[PDB]
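Engineer: So you can see what is in the structure, the chains are spelled out below.
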Amino acid sequence: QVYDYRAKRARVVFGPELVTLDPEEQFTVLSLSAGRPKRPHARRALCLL
Amino acid sequence: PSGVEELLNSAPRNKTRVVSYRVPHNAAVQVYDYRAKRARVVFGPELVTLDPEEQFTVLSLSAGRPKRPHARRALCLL
Amino acid sequence: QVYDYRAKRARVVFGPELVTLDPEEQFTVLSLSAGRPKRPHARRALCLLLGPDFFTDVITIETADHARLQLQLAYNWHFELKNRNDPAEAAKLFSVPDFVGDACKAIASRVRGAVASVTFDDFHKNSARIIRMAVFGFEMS
Amino acid sequence: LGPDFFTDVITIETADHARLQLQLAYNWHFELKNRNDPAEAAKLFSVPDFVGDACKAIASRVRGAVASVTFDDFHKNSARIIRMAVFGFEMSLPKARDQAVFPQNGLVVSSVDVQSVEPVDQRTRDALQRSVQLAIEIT
Amino acid sequence: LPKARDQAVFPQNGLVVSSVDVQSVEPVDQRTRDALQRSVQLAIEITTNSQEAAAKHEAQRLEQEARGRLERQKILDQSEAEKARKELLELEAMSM
Amino acid sequence: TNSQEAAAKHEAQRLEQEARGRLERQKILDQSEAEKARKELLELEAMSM
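Residue numbers (full-length UniProt numbering), protein chains in the order written: chain A, 469 to 517; chain B, 420 to 428, 449 to 517; chain C, 469 to 609; chain D, 518 to 609, 619 to 665; chain E, 619 to 714; chain F, 666 to 714.
For reference, chain A alone in the conformation it holds in the complex:
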């Protein structure tokens, strides 16, 4: 998902479609719990599964 500061509007997308941002649009980066077992901040990624 990405939020547009210019349109003041978020938009979400998934599946086999590449994103193409407007200049004010920004990715919704997401922290993940990774590490060998678990860890509150590790392998941060915007690509939620």
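Bear in mind the hints are in silico, worked out from the structure with no lab data behind them. One or more hints might be untrue.
Said to hold, decoys possible - Some, not all, of what chain C presents toward chain D, calculated at C-beta under 8 Å:
hint	residue
1	552
2	578
3	584
4	585
5	589
As the list claims (entries may be wrong) - Below, a list of computed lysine-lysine pairs in the DSS-like style, where the Cα atoms sit at most 30 Å apart:
hint	chain 1	residue 1	chain 2	residue 2
6	D	550	D	573
7	C	506	D	593
8	D	593	D	550
9	E	674	F	692
10	B	454	A	476
11	D	593	C	593
12	D	593	D	621
13	E	692	E	704
14	E	701	F	692
15	E	674	C	593
16	D	560	D	550
In this text, a Cβ means the ideal position worked out from N, Cα and C, and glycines have one as well.
Starting from the known structure of chain A, fit chains B, C, D, E and F onto it as the hints suggest.
Structural biologist: Chains B, C, D, E and F alone, transformed into the frame defined by chain A:
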């Protein structure tokens, strides 16, 4: 009021350039206008754009590894 | 709050509005009880807080079994306001030389007067109840 | 004139000859039935030293309270007797009124907080320490 | 008899004394202070003897009531055991 | 000091007296209900014997 580094998160910002701050979708923020004598609140995917007399409502948080009354102060309440 | 020597008149203000003094006007500076635990004169400030918050405090107390023990207390607190348009009640808000130190001290003496009767055993097995009921309030049930 | 608390501490002797110091917050303020009267205001300053006279008179009253009371009941219940016996009368014998007043200058003491009653004799503290040490083990 | 009036007065010059506060009554003899010190030192320990006597009487009474309960349960269990023993005596009687 | 000690002594002695008297009466009582259950046990034992 030393709120600079929180919203910069190298080269110093152009202070003449308007201050602005992207607001994370679940995040919430508020700013008070000294000129209009009026506070205003905003949240979600909308960047802030202050009037010159407007000031951020900075908020102390309880951070640290466990808990601590003054740590990781931030205006971006979740 | 600030007092005007020229108009011979005090005025109070709060919330998101910057102060702008007349030349004879002076701030009502207020001493506070700060320090790591409590201290009658520390972090003096004119910016009194009305909002909800918690006191940072710890209190030694003697039990009936002559076993002294320290204990910290969060002390949730706020300043209730039946009105905001009244200069007088606002003057009452600042009329106290030190609301927080007086609060923590009076509550401390009340805790001492609570534990002074209570045994160490029942206190250790049930502090949270008696520590609250005995220092303020009366029957509710 | 505003509400505040005295900074004071008082040694006192119990009936068991066990002297002990204790601090007292002494909540206080100056009541004013009027402000337009020069005379009452003159009464406010008529006292050479309102605070020292207050703390001293209250101190002697505390001494006159503890002088009869035993150390045991005092240690187990200081906050009540320390207040009732130095000012006020029956209100319900009955526990004394929380208010206290000095007519000579219009002073009015409020409730007196307590937080410490430690004995002057450290050996006595060792005795109570051994006593509570007996208490935990009998429990 | 009745407690004296708090007021005091000197007619010779019109003086008027009020109430007299007290805060200290310490003996001139420090040895006497040592004596009272040993006295209150006796007081705290006899009070410890008092609380110990209280806890002792209480724990003793509780152990008494408890052993009485367990005793009654013993007599009861002996009763049902007497029942099953009686049935066993019946079968043993017919068998013998 | 001998006087106060005599007072505390007489008092603690009287309290221990009243206490042991209470516990004694409770003993006789418990012996009574134990006598009851013992009586029932004597009945079952009687029929069994």
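Engineer: Taking the hints in turn, state whether each one holds.
Structural biologist: Now for the hints, and whether the structure bears them out:
| no. | hint | result |
| --- | --- | --- |
| 1 | 552 | 22 Å, violated |
| 2 | 578 | 7 Å, holds |
| 3 | 584 | 5 Å, holds |
| 4 | 585 | 6 Å, holds |
| 5 | 589 | 5 Å, holds |
| 6 | D/550 with D/573 | 26 Å, holds |
| 7 | C/506 with D/593 | 26 Å, holds |
| 8 | D/593 with D/550 | 40 Å, violated |
| 9 | E/674 with F/692 | 17 Å, holds |
| 10 | B/454 with A/476 | 24 Å, holds |
| 11 | D/593 with C/593 | 19 Å, holds |
| 12 | D/593 with D/621 | 17 Å, holds |
| 13 | E/692 with E/704 | 18 Å, holds |
| 14 | E/701 with F/692 | 28 Å, holds |
| 15 | E/674 with C/593 | 21 Å, holds |
| 16 | D/560 with D/550 | 12 Å, holds |
Violated hints, in rising order: 1, 8; the structure is consistent with all others.
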